[PDB]
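Shown next as structure tokens: one chain only, the form deposited without the named molecule.
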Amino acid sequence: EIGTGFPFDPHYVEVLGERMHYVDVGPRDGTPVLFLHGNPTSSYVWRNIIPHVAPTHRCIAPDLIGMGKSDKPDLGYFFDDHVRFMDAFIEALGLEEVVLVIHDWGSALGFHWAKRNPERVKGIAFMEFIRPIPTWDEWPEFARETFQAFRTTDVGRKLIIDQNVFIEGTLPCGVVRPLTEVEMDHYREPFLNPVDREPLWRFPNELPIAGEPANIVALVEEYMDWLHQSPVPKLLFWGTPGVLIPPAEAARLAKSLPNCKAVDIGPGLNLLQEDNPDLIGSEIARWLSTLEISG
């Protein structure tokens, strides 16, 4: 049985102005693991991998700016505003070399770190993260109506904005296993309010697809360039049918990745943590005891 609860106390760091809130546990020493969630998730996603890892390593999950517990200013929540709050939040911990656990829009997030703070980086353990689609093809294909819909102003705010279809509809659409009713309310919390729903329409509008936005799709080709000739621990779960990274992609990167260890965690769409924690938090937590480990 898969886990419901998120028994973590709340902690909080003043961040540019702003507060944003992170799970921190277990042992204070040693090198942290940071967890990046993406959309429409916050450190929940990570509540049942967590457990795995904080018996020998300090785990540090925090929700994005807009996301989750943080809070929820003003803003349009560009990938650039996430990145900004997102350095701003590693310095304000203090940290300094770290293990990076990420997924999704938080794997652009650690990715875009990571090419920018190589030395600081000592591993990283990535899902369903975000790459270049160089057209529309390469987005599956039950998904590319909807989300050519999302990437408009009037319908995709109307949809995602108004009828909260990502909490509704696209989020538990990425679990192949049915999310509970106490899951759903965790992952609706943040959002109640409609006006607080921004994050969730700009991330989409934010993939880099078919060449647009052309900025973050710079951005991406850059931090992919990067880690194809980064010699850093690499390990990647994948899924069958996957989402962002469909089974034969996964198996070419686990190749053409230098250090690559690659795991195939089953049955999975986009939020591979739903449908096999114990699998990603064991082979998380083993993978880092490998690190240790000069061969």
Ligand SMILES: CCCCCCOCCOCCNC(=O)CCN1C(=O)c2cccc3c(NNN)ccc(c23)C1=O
Second form
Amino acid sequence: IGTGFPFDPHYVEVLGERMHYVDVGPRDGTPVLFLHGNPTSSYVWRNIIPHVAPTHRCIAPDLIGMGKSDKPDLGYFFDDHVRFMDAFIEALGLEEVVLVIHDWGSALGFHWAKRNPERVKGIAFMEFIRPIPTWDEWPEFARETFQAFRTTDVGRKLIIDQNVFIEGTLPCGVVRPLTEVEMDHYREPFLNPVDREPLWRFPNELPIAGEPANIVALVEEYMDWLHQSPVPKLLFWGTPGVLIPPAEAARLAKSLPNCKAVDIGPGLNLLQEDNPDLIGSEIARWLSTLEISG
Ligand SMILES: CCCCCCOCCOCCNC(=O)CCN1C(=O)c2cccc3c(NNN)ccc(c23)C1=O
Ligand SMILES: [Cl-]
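Any chance you could show the form solved in complex with the named molecule after that form deposited without the named molecule?
Next comes the full complex, and the chain you just saw is listed first.
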């Protein structure tokens, strides 16, 4: 599994800040927009993109405050990410897109899709944010930890002072061992402790046991939209998963219209790190089927 990141940096001004993105593949056709989550960057897509770039433009931004994007003194609420990603998409002049989305990137993508349904041609998603009705529906092995993340004093000590989301949670979200080179690529945006704000605000935004109520409502709304939409859907899942257990993947594969589900084998949260070639290959092939009328 490749450890390099052989993509030239592209930058665009967005709301007075600068955002970094990968941009490879042909200039024409429908672009494929790849959205990462917490605590990753476009690096998480590095072994997926080469499967898609022969046929499609691939655009993979770093969320504001993450990767090579700027780090303004924000709270990095989900609202902030929404504002910056909306502006990012307009700054590149994107019209119609296919979305490839993960974790908080899926919350961004689905919320954008709900508001711009005529511009989304397809959605490939994995380990995505859905409402978690009670803590029992959060995986046991991760319960204590995320409950601690969702406090001000203890959670900030863990995530900001001790960098636990990078040094601990991240490798615990991959079944295979991450190498030192991979770990250094994930560490790079957060070497300065004060820059770790997004890593702490994100788990505090997760829609768990009804809180925070604003995020729960927004996530329910885009899941309702997703259930009503005929847009082509491709769902990757692994065993045991984290956000999406196999039973829920099986349920969604039937409840969501026009949904193809693909089992990647053993996987936790960063499915891209455990089976990039299957995920990349299946996305490339599915993209081709979007042009077959049937
Ligand atoms: C968008 C969703 C992304 C999800 C990707 C999920 O990955 C699965 C996440 O499970 C694994 C999460 N992290 C670790 O184990 C790191 C190691 N670690 C520590 O050092 C520590 C040190 C001091 C106190 C504590 C503590 N407080 N009371 N025990 C509770 C937990 C830990 C801890 C603790 O855990
Ligand atoms: Cl999170």
